[PDB]
Amino acid sequence: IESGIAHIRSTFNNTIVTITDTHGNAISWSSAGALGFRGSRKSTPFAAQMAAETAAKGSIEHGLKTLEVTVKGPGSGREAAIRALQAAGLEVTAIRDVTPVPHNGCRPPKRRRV
Amino acid sequence: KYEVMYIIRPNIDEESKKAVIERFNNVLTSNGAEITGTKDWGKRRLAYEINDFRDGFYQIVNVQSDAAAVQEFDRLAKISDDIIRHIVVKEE
Amino acid sequence: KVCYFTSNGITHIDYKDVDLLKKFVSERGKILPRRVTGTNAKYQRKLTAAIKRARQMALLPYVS
Amino acid sequence: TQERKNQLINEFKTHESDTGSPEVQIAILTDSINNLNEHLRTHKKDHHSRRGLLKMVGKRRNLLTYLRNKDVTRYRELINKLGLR
Amino acid sequence: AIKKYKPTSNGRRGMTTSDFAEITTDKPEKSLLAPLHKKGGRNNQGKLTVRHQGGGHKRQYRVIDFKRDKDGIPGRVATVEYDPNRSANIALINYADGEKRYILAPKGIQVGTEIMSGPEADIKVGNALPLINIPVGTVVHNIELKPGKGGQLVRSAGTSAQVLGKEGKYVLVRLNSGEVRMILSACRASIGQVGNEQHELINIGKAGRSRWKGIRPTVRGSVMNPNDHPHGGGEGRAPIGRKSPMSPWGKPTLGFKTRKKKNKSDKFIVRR
RNA sequence: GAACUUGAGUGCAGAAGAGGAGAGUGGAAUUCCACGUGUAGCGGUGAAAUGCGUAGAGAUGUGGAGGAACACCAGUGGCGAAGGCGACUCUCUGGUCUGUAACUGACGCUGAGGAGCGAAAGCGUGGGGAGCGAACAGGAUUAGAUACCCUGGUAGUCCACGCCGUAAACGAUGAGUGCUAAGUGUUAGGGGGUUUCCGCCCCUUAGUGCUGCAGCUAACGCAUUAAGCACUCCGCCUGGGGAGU
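Residue numbers (the deposited numbering), protein chains in the order written: chain k, 18 to 131; chain f, 3 to 94; chain r, 14 to 77; chain o, 4 to 88; chain C, 2 to 273.
In case anyone wonders, no lab produced these hints; they're calculated from the structure.
Each residue gets a CB set at the ideal place from its N, CA and C atoms; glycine is no exception.
Wrong hints could be hidden among the right ones.
Said to hold, decoys possible - Derived DEER-like restraints, expressed as beta-carbon distance ranges:
id : chain 1 : residue 1 : chain 2 : residue 2 : range
1  : r       : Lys35     : o       : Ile12     : 47 to 53 Å
2  : r       : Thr24     : f       : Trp43     : 50 to 56 Å
3  : f       : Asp42     : r       : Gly51     : 34 to 40 Å
4  : f       : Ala70     : r       : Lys65     : 25 to 31 Å
To be verified - Below, in silico cross-link-like pairs of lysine to any residue (SDA-like), each with a Cα-Cα straight-line distance of 20 Å or less:
id : chain 1 : residue 1 : chain 2 : residue 2
5  : r       : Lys59     : f       : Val91
6  : r       : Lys36     : f       : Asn28
7  : C       : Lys28     : C       : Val64
8  : C       : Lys125    : f       : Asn28
9  : C       : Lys40     : C       : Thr50
10 : r       : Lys43     : r       : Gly22
11 : f       : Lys45     : r       : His25
12 : r       : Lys29     : f       : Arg46
13 : f       : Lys92     : r       : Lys35
14 : k       : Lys127    : k       : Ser20
15 : f       : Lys45     : r       : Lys35
16 : f       : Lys92     : r       : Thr61
17 : r       : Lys29     : f       : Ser32
18 : C       : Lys5      : C       : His200
19 : C       : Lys268    : C       : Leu173
20 : C       : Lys31     : C       : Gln61
21 : r       : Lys29     : f       : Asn28
22 : r       : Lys35     : f       : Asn28
23 : C       : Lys167    : f       : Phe55
24 : k       : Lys89     : k       : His40
25 : r       : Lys65     : f       : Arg47
26 : f       : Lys41     : r       : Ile26
27 : C       : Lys48     : C       : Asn228
28 : f       : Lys80     : C       : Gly138
29 : f       : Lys3      : r       : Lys29
30 : o       : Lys62     : o       : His46
31 : f       : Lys80     : C       : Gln163
Sequences are here, hints too, so could you generate the full structure?
See below:
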């Protein structure tokens, strides 16, 4: 196939990249923990870069070329992973900054130092 | 006084759509709720889907009533399946 | 800035005016605050009431 | 609104210009207390409207004591008209 | 609502009844009555096949349409009366013709209201539509499983169901105890709650007020002998000495599901 | 006893408000459920581990169930006596402010006792349960760790009615009224000086911020929204503990 959408979800622990197909069918997936980083290095943007590199290699192994990349989750490695999708042979056209915004919804778990 | 704006679902033929508007106007005439003005926006593309639909027909019915058959309109439009929306706004 | 509704003298905003509400609403769908559009307090109140009613009839979006 | 107050004015006028004149005013208070109290019989969990009704009862009671100390026969005829007993 | 008694004696300490304010008349009609022979739990064979029953006040049966046969002919509630045969009250309705019929009493129905029952009737508390015509999410009772048979499913006091959507020849209904069942869409059901709704909040009080309803006492199996029950025996308040607390026959009771494994209508049960 | 209209209130005219109560509806998101994609992790941390996961998870796409809060507006903004009140819509309903002049003509203020409201937790009955979460369990940390952290999770949070009647219930500032420099934002009004306007300026209310003179105060500070200068009324204090026993 040629077109898919790259769902990156980079949160304070993990930066999970799944390259899926446009009506949502995952071609290949690789995370920051799949690359081997087990510790807090999962949060570092080097692991997000590496995870995007491996997902990009698997996506070119199945053959898709023009992505449409959706950044989700509050973390740190979003920019390096978008940059690493570019430098690994793919095109990043649109950038969907879609973190899940509740309007008011459920109440969060308690603040931490209390 | 009320502005009664509702969305008829699109997959409906034109004489049947006239029968829908005649139905809910017959419901409003159960009061004496005079119909002081009508307007059809027509097929508008909804900003988000309602039941399954991207689009729907709009009907604006201006009413001068005694606030009862408006509530009969509310219950009959929450039940009739050939309607996507309704609001009744107190025109003040 | 300058208020819209004081300039054009227009009163109750009439939810049917979807293009005017679409001017005040931001790109994603949010209501722009008063320090961006420059309106009054009162006119921002009638604007937000208008936008919420027009959202519930899908004349305006929620999320984009 | 606007048949109740206007009929109570025209019923309890002692002069033509009377919209004050505590008999007009007590009668408006009685029928407004009665509409409010039927609302409270529907909605028992409304308390802010009860606070307003207690203020109305205080207004009307003080106007009644003013009529009692001002004009005895007018006070008794108002009581017998409104049934406020 | 509920009449609470004063503790004038030890028999009426916690006792509550209902105040019976929904009821208008205490006369039922002779044209609709039928006799009830009490059975005492006994059988064709004469053996006690149901325990703990028999011997209450004498009752006389009131015939009730659970079918809603009469379509398109408007009804009118004449009375709302007491039924001893069931938990709810019953509404005696007059049609225009003169077929006086008992139906169940929904919660909030009053004397003098229109009750249509056809396929094309109005949706209102008291009316009875097939499940094709009923919209999704309306409170529904007197559901039936076979069309034309008569109301089966939600039928006792203060009970309610709801149409959870449609697919086809069937209708998703959330019956009481939360069970989602496919019900054949040509089955008529009435619309609403059922109308005691405080029957559950009745403290019976005496030992004898339950016996007025035809309830014999229940002996626990732990007090019995070992020939009578598997809990019987033990030399002075023995516990359930077996694993799996058992019935007076050979079946465990707590948790043990007794539905047939090849029940033919598990295909029509969505959630349970 | 007679008169008056300023105080008080009715009348008329607008204005604004998350003021209340009942019903209905919405869109995110969260959880759970079913199915496709697909493979080895996910989650979480200061570091990890418990949990979840090849019986196919987390990610992702669609559908459904259900509950609760209502992003942006949103603001020393508004309303309410206080508690408090934020989606939307209707039903009923309370109060306020502004302009007077039509009326009343002192009808006013305060108020022990009484009657009511009264956050949250708690209690009773019946529902409800998505998230959270006392208790409780496991994992960490630690000398110990009945804690903080992590993973789970009961009552409760939610609703109907009834009870409790308590808060750092705060402005740590009782209510009413009058007087006593200014500057300055702002909320809802009114009127004027040119302009039909946009709008600028001036003027006046009632509410709401800040800085500030006199005055007060032990000082911090308050200062026309007083903690000034007065009058009325109520509540309360007379060292700390014991003891709100």
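Taken at face value, is the distance from the CA of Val91(f) to the CA of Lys59(r) at most 20 Å? Given pair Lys59(r), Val91(f) holds - Cα atoms ~14 Å apart, limit 20 Å.
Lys62(o) and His46(o) were given as a pair; does the straight-line alpha-carbon distance stay at or below 20 Å? Violated: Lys62(o) and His46(o) sit about 23 Å apart, past 20 Å.
Quick one, are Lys65(r) and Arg47(f) close enough, alpha carbons at most 20 Å? 18 Å, holds
Pairwise hint evaluation, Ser32(f) against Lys29(r), where the allowed Cα distance is 20 Å at most: 27 Å, violated
Measure nothing beyond the straight line between the CA atoms of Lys43(r) and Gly22(r); if it is 20 Å or shorter, mark the hint as holding. Outside the cut-off at roughly 25 Å; violated.
Compare the distance between the alpha carbons of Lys89(k) and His40(k) with 20 Å, and conclude whether the hinted pair is satisfied. With a Cα-Cα distance of about 18 Å, the restraint between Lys89(k) and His40(k) holds, given a limit of 20 Å.
Straight-line Cα separation of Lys3(f) and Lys29(r) no greater than 20 Å? 17 Å, holds
Is the straight-line distance between the alpha-carbon of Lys92(f) and that of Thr61(r) 20 Å or less? 17 Å, holds
Range hint compliance [Cβ, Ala70(f) to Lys65(r), 25 to 31 Å]: 26 Å Cβ-Cβ, so the 25 to 31 Å window holds.
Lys28(C) and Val64(C) were given as a pair; does the straight-line alpha-carbon distance stay at or below 20 Å? 15 Å, holds
Are the Cα atoms of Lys125(C) and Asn28(f) separated by 20 Å or less? Status holds; Cα separation ~18 Å.
Holds or violated: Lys167(C) with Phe55(f), Cα cutoff 20 Å? Given that 20 Å is the threshold and the Cα spacing comes to 18 Å, the pair holds.
When the structure is compared with the earlier hints, violations turn up for hints 2, 6, 10, 11, 13, 14, 17, 21, 22, 30 and for no others.
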